[PDB]
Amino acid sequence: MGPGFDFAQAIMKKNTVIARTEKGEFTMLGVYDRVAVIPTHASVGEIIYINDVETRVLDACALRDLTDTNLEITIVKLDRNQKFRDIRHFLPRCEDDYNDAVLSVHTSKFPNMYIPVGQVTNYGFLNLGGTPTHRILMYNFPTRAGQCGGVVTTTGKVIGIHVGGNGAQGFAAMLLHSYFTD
């Protein structure tokens, strides 16, 4: 509807796949080459479904900060026959707050979904489903089941992936450029 949605759409149309694990269907952001991200609670194993195709997982790494605290991001390398457009230049280098973000989801249940979530706070620490978690972004929108893995963008920046909510607020794990140095 506006330039925020434009950037979100451009990310969705080229840099997402539908990932299925034993714990459900997730929006999954491809970052570069055969490397994607997904919430750690998806419990990625040795095999994953990518757009309903059985795919071997070459590597998966649940990220933690240097205090050994959960970040809720898993980086997956897929045995896929095609690379993603390299979007690493759209990742922020530092922890930050943002104005006017969009949360975008694409699953069987929620195809082509885009939500203007407004201001995003650098929230920091969250007890997420009982697990201490760092580098959380917060937005005041009542997100729901089915949105985990959804991409949070501003114009020109891909800043996080949706990992949870409390009914009134939604929460995303930060994406930082430094996670995807090769």
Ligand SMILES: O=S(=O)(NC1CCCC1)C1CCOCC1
Given for the second form:
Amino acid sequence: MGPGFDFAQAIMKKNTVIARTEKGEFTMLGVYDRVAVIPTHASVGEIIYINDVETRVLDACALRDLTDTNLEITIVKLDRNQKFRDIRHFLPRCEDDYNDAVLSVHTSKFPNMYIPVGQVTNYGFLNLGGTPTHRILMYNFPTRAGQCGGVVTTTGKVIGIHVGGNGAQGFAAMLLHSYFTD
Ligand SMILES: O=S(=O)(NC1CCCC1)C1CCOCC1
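Now that you have shown the form solved without this ligand, what about the form solved in complex with this ligand?
Below: every chain and molecule of the assembly, starting with the one above.
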């Protein structure tokens, strides 16, 4: 409907796949080459389904900060025959607050879904499902089951992936450029 939705659509149409693990279907963001991200609670194994194709996992790393605290981001390298468009230049360098963000989801349950969530707070610490978690962004939208892995964007930036909610607020794990240096 507007330039926020335009940026979000451009990321969904070229940089997302549907990932299936034993713990469900997730929106998965492809970042560059065969490297993608997914919430750590997806419990990625040796094999994953990518758009319903059996795919070997070449590497999977559940990220933690240098306090050895959960970040809820798993970086996956896929044995896929095609590279992602490189979107690393759209990743923020620093922890920050944002205005006017969109949460975008693409699954069998929620195809072509876009939610204007508004203001995003650098929330920081969250007890996420019992797990102490750092680098959490918060938005005041009643997000539901099925939105985990959803991409959070502003006009110009890919800033996080949806990882949970409390019924009134939704929470995303930050994406930072430093996670994807090579
Ligand atoms: O400076 S950024 O936040 N991150 C870049 C990562 C590689 C070089 C800088 C950039 C994000 C997109 O909007 C314009 C600013």
